[PDB]
Amino acid sequence: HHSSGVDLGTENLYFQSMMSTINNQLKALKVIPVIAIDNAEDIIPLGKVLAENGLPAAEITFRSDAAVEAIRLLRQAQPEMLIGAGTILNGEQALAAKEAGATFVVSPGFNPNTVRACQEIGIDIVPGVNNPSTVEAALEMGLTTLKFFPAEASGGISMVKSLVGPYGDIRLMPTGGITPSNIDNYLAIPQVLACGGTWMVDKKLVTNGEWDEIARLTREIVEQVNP
Amino acid sequence: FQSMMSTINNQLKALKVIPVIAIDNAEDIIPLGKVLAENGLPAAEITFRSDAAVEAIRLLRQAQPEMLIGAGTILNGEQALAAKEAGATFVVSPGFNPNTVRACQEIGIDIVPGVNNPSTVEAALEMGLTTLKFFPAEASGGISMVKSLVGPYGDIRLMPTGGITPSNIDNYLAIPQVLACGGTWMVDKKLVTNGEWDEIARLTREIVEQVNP
Amino acid sequence: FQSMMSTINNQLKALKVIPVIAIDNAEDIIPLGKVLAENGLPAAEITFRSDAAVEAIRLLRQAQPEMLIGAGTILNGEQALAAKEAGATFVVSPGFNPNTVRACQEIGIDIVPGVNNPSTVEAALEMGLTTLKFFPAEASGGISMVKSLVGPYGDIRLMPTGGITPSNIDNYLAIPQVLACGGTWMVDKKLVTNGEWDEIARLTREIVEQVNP
Ligand SMILES: [Cl-]
Ligand SMILES: [Cl-]
Ligand SMILES: [Cl-]
Ligand SMILES: [Cl-]
Ligand SMILES: [Cl-]
Ligand SMILES: [Cl-]
Ligand SMILES: [Cl-]
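Protein chains in written order, with my numbering: chain A, 24 to 250; chain B, 21 to 233; chain C, 21 to 233.
Chain A with its partners taken away, still in its complex shape:
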């Protein structure tokens, strides 16, 4: 669909602008809660605990059927929060996330068809990679901020280090197996911007109403990454 006044060049510039905006937010935040939610309504207490404990960011995974409604609820409850959608496998999901109010999408792997879709609809994508060939594919599409996933199972910090060496332009968001015990090892790598983590918002705590624990874990990581 064509918007009056918007040519292909403007769409490209817009996508670049959105990439820069997201990059700067990630670099400041350093840790992104990765949220898998059963009941959409649970996103409200969870967003409140995150925000009031100093972590105004959430990536809601489309692995749950509740994801789109959760994004819509959180967006309304927490206007200032950085909200992303994860597990985005195609352009239809990307669009649904955008409509609901997300300002970036993340995918577990790299699919150029998903990337082209996001570049067209004007939502930043940070796609998952785990080897040099996939990094090269992403670079060729003009992306530089990539998710590194699954981080620990793909070789952890030694893989990150091996991986960023040849590619000076990339910035990574390692996700998968990140905990308070290893997050600083990742963040020590200059080309790592932020890590994704589930432990501070773990489904086991959410489903069992353990809001005080979520709060404690959130405060702990916020202090740890930006002391």
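These are calculated hints, taken from the structure and not from any lab test. Keep in mind that a hint or two might mislead.
[What the hints assert, rightly or not] The list that follows gives simulated cross-link-like pairs (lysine-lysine, DSS-like), each with its CA atoms no further than 30 Å apart:
1) C:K167 / B:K210
2) B:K167 / A:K121
3) B:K167 / A:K226
[To be verified] Just a sample of chain B residues kept apart from chain C, beta carbon distances all over 12 Å, derived:
4) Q22
5) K36
6) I94
7) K153
8) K167
9) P186
10) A194
11) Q197
12) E216
13) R222
14) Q230
15) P233
C-beta atoms are modelled at their ideal positions from N, C-alpha and C, and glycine is treated no differently.
Once you have looked at the hints, place chains B and C with the ligands on chain A.
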């Protein structure tokens, strides 16, 4: 071409372990298949490591008609055709080549291609595939990697192969989206070459009892 | 353009270890090349990750016309052409990009692209490439992964690079399909920058003796 994947998925889920066979002399598939079948494991993935694989599939299908027979190391459509004509009902590739997958669709045989990371999984899903080989399983990160793939991709079902042994197979089978694992240990070429039929029978009975107690 | 891969493979096979050089000051390549050659390793893969790489290739080719010189970190055809014009014998890439491979064909320079899993191997094989860099070797699963790849893909010849040291190189070289490994330890930035020519010479003599006794 009507896909037999629902049938294959069910057979794999029942078997839990698929012998991955590298045969030197095709004739050797006959006693090997007899030992596998009579010890409770009526399945075989015959790898295309040499021309002898084609004859082996043909001999095995004649000797053990109800055996689940796949062909492995299938790198192109020509080999997929050779396997189909020999009597295999599915092919397996170590990695994912969409040109091979397309060729298999055209010639009409099911393929279970190998993947080992999220991007390759997404490539397969985009071509309509959901049953995938996870290879090489241990060298790619093992159960930790398997859990990372099945997690985001609820539709996939995996056949981990590579470094699977009786000491680690239970951990893989404990993951619901794992259908079965491929294993060479009970059909190791050394055992076949040396005619260690009693030992092959023992390893086969032992694994069948282990996975299907 | 007739490919020199035959010659390249023979040279790699003879050398067994290839210095992977990230150079800060192009002029450093002259003494470094001399020390490497005079101590038995007349080869260098100079990475384009360094701004000095093109000038270093030119200087080294003039100073050591018989040196095997590879240009590393080649991500597109523009760089490949720059490498060819500078005097490189071949180009190396950390991963596999069909666009780079196509450009190298056009330009007329051999490429040894990087791979680390079966799907990427199949992609390379489908473009007619058989000599491949296995990178990053240790972080991708090391010798267990190498064994997993060379098994189903008998035609490939590998150059493992990434985490290789005198303590682990023999384990790679013991695999028949491994031609040579890339290593940075004998040309480490710290040594080259600080002009530790005697230490570079020692390390070079030591590995040459180790792999070619
Ligand atoms: Cl994701
Ligand atoms: Cl992980
Ligand atoms: Cl296979
Ligand atoms: Cl393995
Ligand atoms: Cl390289
Ligand atoms: Cl890949
Ligand atoms: Cl490494």
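Now the hints, each set against the structure:
Taking the CA atoms of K167 of chain C and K210 of chain B, the gap is near 17 Å; set against the 30 Å cutoff, the hint holds. Restraint check for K167 of chain B and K121 of chain A: satisfied, since their Cα atoms lie roughly 28 Å apart, inside the 30 Å limit. A distance of roughly 16 Å separates the Cα atoms of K167 of chain B and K226 of chain A; the hinted pair therefore holds under the 30 Å criterion. With a minimum CB-CB distance of about 27 Å to chain C, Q22 of chain B clears the 12 Å threshold, and the non-interface call stands.
At roughly 22 Å from the closest C-beta of chain C, the C-beta of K36 of chain B stays outside 12 Å, upholding its exclusion from the interface. The beta carbon of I94 of chain B sits about 10 Å from the closest Cβ of chain C, which is not more than 12 Å, so the claim that it is off the interface is violated. Distance check for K153 of chain B against chain C: the nearest CB is about 9 Å away, which does not clear 12 Å, and the non-interface claim fails. Consistency note on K167 of chain B: stated as away from chain C, and its beta-carbon is indeed over 12 Å from all of that chain's, at 17 Å minimum.
With a least CB separation of 18 Å from chain C, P186 of chain B remains clear of the 12 Å interface cut-off, as annotated. No beta-carbon of chain C comes within 12 Å of the beta-carbon of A194 of chain B; the shortest separation is about 22 Å. Every C-beta of chain C lies more than 12 Å from that of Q197 of chain B, the closest at about 20 Å, which supports listing it as non-interface. Non-interface call for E216 of chain B relative to chain C: holds, since the shortest CB-CB distance, roughly 22 Å, exceeds 12 Å.
Non-interface call for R222 of chain B relative to chain C: holds, since the shortest CB-CB distance, roughly 25 Å, exceeds 12 Å. Listed as a non-interface residue, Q230 of chain B keeps its Cβ farther than 12 Å from every Cβ of chain C; the least gap is roughly 24 Å. With a minimum CB-CB distance of about 30 Å to chain C, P233 of chain B clears the 12 Å threshold, and the non-interface call stands.
In summary, the structure is inconsistent with hints 6, 7 from the numbered list given earlier, while agreeing with the others.
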